[PDB]
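> What follows is each chain in one-letter form.
Protein chains: 2
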Amino acid sequence: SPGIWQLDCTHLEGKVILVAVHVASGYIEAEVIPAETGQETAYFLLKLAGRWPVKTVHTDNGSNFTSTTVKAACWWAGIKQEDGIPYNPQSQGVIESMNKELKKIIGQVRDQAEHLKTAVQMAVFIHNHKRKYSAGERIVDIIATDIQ
Amino acid sequence: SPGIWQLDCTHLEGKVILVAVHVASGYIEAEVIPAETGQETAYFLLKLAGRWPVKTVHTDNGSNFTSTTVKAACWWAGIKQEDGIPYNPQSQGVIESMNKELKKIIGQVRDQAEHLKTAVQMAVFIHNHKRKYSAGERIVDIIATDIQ
Ligand SMILES: O=C(O)c1c(Cc2c[nH]c3ccccc23)ccc2c1OCO2
Ligand SMILES: O=C(O)c1c(Cc2c[nH]c3ccccc23)ccc2c1OCO2
Ligand SMILES: O=C(O)c1c(Cc2c[nH]c3ccccc23)ccc2c1OCO2
Ligand SMILES: O=C(O)c1c(Cc2c[nH]c3ccccc23)ccc2c1OCO2
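Protein sequences appear in the order of chains B and A. Quick note on numbering: the first sequence equals residues 57 to 188, 194 to 209 in the deposited numbering. Quick note on numbering: the second sequence equals residues 57 to 188, 194 to 209 in the deposited numbering.
Just to be clear, a hint being listed does not mean it is correct.
If we take Cβ atoms under 8 Å as the criterion, some of the chain B residues that face chain A in the derived model are [stated by the list, open to error]:
| hint | residue |
| --- | --- |
| 1 | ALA91 |
| 2 | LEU102 |
| 3 | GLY106 |
| 4 | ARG107 |
| 5 | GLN177 |
| 6 | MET178 |
| 7 | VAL180 |
| 8 | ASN184 |
| 9 | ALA196 |
| 10 | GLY197 |
| 11 | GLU198 |
| 12 | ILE204 |
| 13 | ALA205 |
| 14 | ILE208 |
20 Å max Cα-Cα, derived EDC-like pairs, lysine to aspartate or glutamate [as the list claims (entries may be wrong)]:
| hint | chain 1 | residue 1 | chain 2 | residue 2 |
| --- | --- | --- | --- | --- |
| 15 | A | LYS111 | B | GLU157 |
| 16 | A | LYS111 | B | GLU198 |
| 17 | B | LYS111 | A | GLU198 |
Since the hints were derived computationally from the structure, they do not count as laboratory data. Don't be surprised by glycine CBs; every beta carbon is placed ideally from N, CA and C.
Chain B extracted, bound-state conformation:
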């Protein structure tokens, strides 16, 4: 459970927002990309796995699940690539709600930033710091407990 992440892709301003969610904590990392290619997804996963102990990734769609470049990146980084089917059907709505929530935060800051990418990183910040414990606190606690 501490090593499980879910990929998520949502759209805004004709652009693509790629999100990785640490399932047990709700902690996220995100980036803006021109389009969701294998190359972009691969690079995003490499960055993620260099920063957090990523054991398993539930991919966001069949194209990324099939992508040879994504498979290569997962091999390189020691990531088990899995499908992202909501076997628990509440897993659709939880992601839908996060996307809605992210876009809402982006709207609240959009005017502060000239570029969408800045607004997205402001949203990551606000999300991970928000007291609900914060997601940042939860991921650290979960991984630390696993270590020791």
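Take the given structure of chain B and dock chain A with the ligands to it, following the hints.
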């Protein structure tokens, strides 16, 4: 202290590698940028602070220490901006050695990747996972201990 980071800028292939080091653990995040502008540094710090609890940043030079954009980003993200003078003179060589180490790792992978940015993220991965405890383990343990 758990919230203290140091900025570091090094050069390779006519490009700039911007690094943030968590001082107590040796954990790093890094990016390739065309040049070290206030705007790029500001964005990098925003990303960092959205992902880890960044309380204090020792800046890498006077230009970033003075930059109005960097100051704005530090205000936004709740970061105390400080100078990075090696008051302990071993603080120069520790960074020099990390830069040498990073460039060495980049050399070991450079052929695997077409783009420098990919090689840099491979280097971040290798660095943070390297057993010496790993830096990834240390940062989580340090921050978790602080939380509790
Ligand atoms: O498969 C890729 O090209 C790719 C990879 C994995 C990888 C790079 N070199 C390799 C050489 C041998 C095996 C895998 C790789 C990681 C991040 C990326 C990638 O593309 C962009 O971001
Ligand atoms: O795998 C790591 O060294 C690493 C760790 C801690 C850890 C040590 N053993 C483990 C075995 C399983 C899971 C995590 C670890 C923490 C953060 C990271 C890491 O890599 C990048 O971000
Ligand atoms: O100061 C910036 O422009 C900047 C900032 C801080 C910030 C943005 N809007 C604001 C509006 C009011 C106050 C500060 C800001 C963060 C990240 C960045 C930045 O530039 C690129 O990455
Ligand atoms: O600020 C957070 O909630 C947050 C935390 C927990 C934390 C808050 N203050 C601290 C002061 C010191 C140490 C941890 C925290 C952890 C990771 C994060 C966080 O945000 C981004 O990554």
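> Now look at each hint and say whether the structure bears it out.
The hints, checked one at a time:
no.	hint	verdict
1	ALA91	17 Å, violated
2	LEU102	5 Å, holds
3	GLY106	4 Å, holds
4	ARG107	6 Å, holds
5	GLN177	5 Å, holds
6	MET178	7 Å, holds
7	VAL180	4 Å, holds
8	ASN184	6 Å, holds
9	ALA196	11 Å, violated
10	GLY197	6 Å, holds
11	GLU198	6 Å, holds
12	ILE204	5 Å, holds
13	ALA205	3 Å, holds
14	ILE208	6 Å, holds
15	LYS111/A <-> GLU157/B	26 Å, violated
16	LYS111/A <-> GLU198/B	15 Å, holds
17	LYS111/B <-> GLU198/A	15 Å, holds
Comparing the model with each earlier hint shows violations of hints 1, 9, 15; every other hint is respected.
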